[PDB]
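Got a structure here, written out as structure tokens. Questions coming.
A single protein chain has been removed from this complex, and every other one stays in its place.
The chains carry the letters A, B, C and D, assigned in the order they are written, with residues numbered from 1 in each.
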Amino acid sequence: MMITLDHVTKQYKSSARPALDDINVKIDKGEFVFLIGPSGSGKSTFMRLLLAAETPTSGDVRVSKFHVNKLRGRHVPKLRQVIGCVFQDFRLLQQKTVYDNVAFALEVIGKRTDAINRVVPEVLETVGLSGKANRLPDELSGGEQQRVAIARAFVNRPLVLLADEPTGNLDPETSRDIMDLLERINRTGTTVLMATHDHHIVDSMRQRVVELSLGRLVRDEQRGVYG
Amino acid sequence: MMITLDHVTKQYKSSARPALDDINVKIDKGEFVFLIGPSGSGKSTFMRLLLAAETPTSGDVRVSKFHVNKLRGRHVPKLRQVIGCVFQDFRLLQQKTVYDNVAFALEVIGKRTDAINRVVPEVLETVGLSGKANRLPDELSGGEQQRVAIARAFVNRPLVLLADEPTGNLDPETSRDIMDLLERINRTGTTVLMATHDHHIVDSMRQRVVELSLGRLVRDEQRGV
Amino acid sequence: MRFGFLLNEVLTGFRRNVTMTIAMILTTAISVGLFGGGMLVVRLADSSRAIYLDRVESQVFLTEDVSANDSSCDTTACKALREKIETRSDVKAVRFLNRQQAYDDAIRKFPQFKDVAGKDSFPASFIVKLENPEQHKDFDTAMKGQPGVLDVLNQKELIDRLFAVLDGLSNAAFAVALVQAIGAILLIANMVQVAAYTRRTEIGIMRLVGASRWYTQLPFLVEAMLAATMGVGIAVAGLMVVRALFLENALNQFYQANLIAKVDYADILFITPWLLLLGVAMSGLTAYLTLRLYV
Amino acid sequence: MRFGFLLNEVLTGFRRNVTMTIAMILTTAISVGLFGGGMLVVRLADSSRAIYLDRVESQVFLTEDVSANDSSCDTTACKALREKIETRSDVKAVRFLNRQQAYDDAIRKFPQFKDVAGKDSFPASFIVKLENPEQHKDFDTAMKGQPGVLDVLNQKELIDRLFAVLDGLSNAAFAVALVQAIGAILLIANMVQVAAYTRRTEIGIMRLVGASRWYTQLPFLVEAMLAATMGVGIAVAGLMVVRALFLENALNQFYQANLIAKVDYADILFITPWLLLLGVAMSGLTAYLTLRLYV
Partner (left out) sequence: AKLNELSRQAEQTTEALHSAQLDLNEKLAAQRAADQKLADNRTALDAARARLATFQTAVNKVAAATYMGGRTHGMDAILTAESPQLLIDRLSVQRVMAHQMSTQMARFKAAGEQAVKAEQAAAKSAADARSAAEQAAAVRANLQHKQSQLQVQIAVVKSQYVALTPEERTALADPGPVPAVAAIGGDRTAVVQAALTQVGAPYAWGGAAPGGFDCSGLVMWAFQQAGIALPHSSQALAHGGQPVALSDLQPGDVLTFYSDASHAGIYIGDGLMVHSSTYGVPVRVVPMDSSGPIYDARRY
């Protein structure tokens, strides 16, 4: 079938409430869907649930190609290779230059070494991420670490390009600038899961905004607002 | 004696904008000043010049006691007892309770316990934690972890409360319960600082505003929003 | 095979934890060195056994009434027992000895005890050579109370208790080598707990890229594999420099006396493949299991 | 303040590292045990040196007819013999030992004749030291057969050969002990590194609020002092068990051999104040400066 998870409750005990109610959801492949969730309730565990780290204790999780619950030693990294993940931290590598930072995720998966040089100009200098790529990342500004962070996540055109708080510590004067970079991937039609809690930031586009209270889904509007 | 800071051109590794061009500010008792600008302004090095974490290459630093440009390392923690600064990790010990953290926040200087415990519950329930101080912090919810560092930040006398990003990545509704907590101690009379970057909180109480863009005081007026 | 990337990623690991790369090699080298320093002791023990086993002579005493009366056995009572046990199977020559010559031969050996020992204390005897000294238990059991024999001295087996003094020190060296090994093996587990802390920023993204379970641990394993290489090399270099500095004033003294094995540098490198494989043995599987049980 | 607060934190630092901090004890125990063993064998060699002669001596003797009578060298035979041997260039000087002083040194050199061993039993000696004790056997044979000399005695030339091997064993123990000691430093240096890595939060917590520098290192040094005391205690227990386990069986016969001196546990207890000094001051020193250039 297709990308659909339902009846997923890991049932975390030793707590007042597990906040895992086995919610059945149905999401297609396409544009950007926003998960405007409150803090400490349904963000980290939900993001980890499709990240194939903590297995669900009830039901199973399905993706269009693979099975998440049913696996082996070789089934896990094939699922792990086809998903791109963007996080809050910049997580650069200080001991190496920038031009091979995006190439670092290519020799560890079994690609042809000379063929990387046929891919790195197609990936690095694609959309506004040209720069010079031959500087130390310590002396570089903070406004372009996230530009190569999302470049590391998109190197072989994967299916899911999920991002969690791209602005974060960034000022709102330049958050609209990096949003303009974010929507370029959304124009390509690839699946993206964008989860943040920022009022009057992503409310301009009025895309599919969802919310939950205590593990139970309470908002599902395809053109809703946050409030 | 109305002590402030000025000049300071700290170039160090790469000059670019060495610290600040010049500083012409003044302190006040009960003041509350914002600061707004981009990430490249070096505002983190501004606060590090205040608690003597960075020696100024020019000018001097002095907060109400002495010119701290030249001072011995033994006298460096002599003045730190009245300064409170708040962060995002909240510095929470998972193996210690809330009352254990508040007790450890004042135990380190060394005092008789006959007068330590006599002022603990006067400030435990003041912030909003009425009891339940013998609970593990992971069992405590995320909506009050920022309040614990505030509660242990007033175990000594409040003089300067430095604040750089107190809310962080948080819901805006649950930032309203703490923006009045420092206002309550601002009515006591102590001054307090503030460092954010959003503009939604700027047009709320209309306090002193300073801007900074690569070591340059672009605009500051100490009035309005 | 991506060999040049693995060639130069290991240099950052050596540049990171510079205060432990020496200590690990020192403790493994010390742990393997005195463990290696006992097999050659056992070797020289068994080799010095052979240079005395070749010339052990059997000696059996006689009763006094057949020895105090006559020095030479010419009576038929001693001759019948003389001619019966002297050519059976394990004999090459039997030498009869008198009594009076068996008194002053001790005086010719040394002019001591010349006054404190009487003439009437040295029974007559025989000297018998045996083909195999290892099979001594046959004539131990072939000799019981017979009319003319008083006791059996059981040839010359005073050599085993002479050389037994070094078995205790070899056992002590092996025991303290064992306790040094049990105090050294857990450092290999400590390396993986200190090295992963130095590279937390890359192991997380290398986990979520889809890397192989069989290939995620090789940069955490090849340095522990090569750590056992130079450790046994400096261990045998230290063994060379302790043999060539503190034993020439001892072992060379027994050379002209021709009493020891006289080992050298050649047989030391003969046992090196039996120790370098043991050195790389526990460095591998322990390091493999401690990453599987912690990371 | 007082010690009533700090008793918890030493338990927490041990509980968070139950595997790394137990390697701390025993690798120091080996280093102090080898150095304790070297002092023991050096003291034993210096004690047992007094039994035998020096490097230039020839123990000669006299007949009974001139020794039991005329104790002072007064007779015509003694004056002639004490003048003939100094004529040629072979000897340096002659001493004077007679039966008045031939008893007290004998029981000293043989501490088993406290019974009625009698008087007038040990002959006069008048021992002689010479220049070159290398070609002296002809002198010994020349004094043999003299009308008035019983025999001679010389205790050199691979007789005092054990002093060529005990010093070598002590030097080998010192050589491995210094390498173990320098291996110990680069392991105990990582104590503060792993402690700062595992406890990075609170060590920043009293830093910004204002605390004395002198109180910051106090919850780190006491672990190294306690580990040093544990190491020296298990080391001094180690000598107690390793002697009485099997080293007694190889030393008990030596007293009937009377080749070595008498050794008991009190001699090992005499050196324990010197062993407890090292280990707790060197560790305190190397734990002091590693934090001055860290924080």
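Methods note: a contact is a pair of C-beta atoms (placed from the backbone, for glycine too) under 8 Å apart; a residue touches a chain by one contact, two chains touch by 3 or more.
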item: Contacting the left-out chain in the complete assembly, out of C:109, C:137 or C:144; value: C:109
item: Candidates C:59, C:201 or C:249 - the one touching the absent chain; value: C:59
item: Residue among C:153, C:175 or C:269 touching the omitted chain; value: C:153
item: Selected residue (touches chain absent from view) among D:1, D:10, D:158 or D:285; value: D:158
item: Residue ranges of chain C at the interface with the undisplayed chain; value: 51-52, 55-57, 59, 106, 109, 112-113, 115-117, 121-122, 153, 156, 158, 162, 165, 256-259
item: Touch residues of chain D, complete complex, unshown partner; value: 61, 106, 110, 113, 116-118, 121-123, 150-151, 153, 155, 158-159, 161-162, 253, 256-259
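Simple rule for what comes next: only the chains that are shown with their structure count from here on.
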item: Between chain A and chain D, centroid-to-centroid distance (C-alpha), Å; value: 71
item: Centre-to-centre distance between chain D and chain B (centres being mean Cα positions), rounded to whole Å; value: 64
item: Residue list for chain D, restricted to those that touch at least two other chains; value: none
item: Interface residues, chain D side, partner chain B - complex; value: 1, 5, 12, 201-202, 204-206, 208-213, 215
item: Complex contacts: residues of chain B adjacent to chain A; value: 14, 37-40, 141-143, 165, 169-172, 174, 197-200
item: Touching residues on chain C, where the partner in the complex is chain D; value: 19-20, 22-23, 26-27, 30, 33-34, 111, 165, 168-169, 171-172, 175-176, 179-180, 183-184, 186-187, 189-190, 193-194, 197, 238, 242, 246-247, 249-250, 253, 257
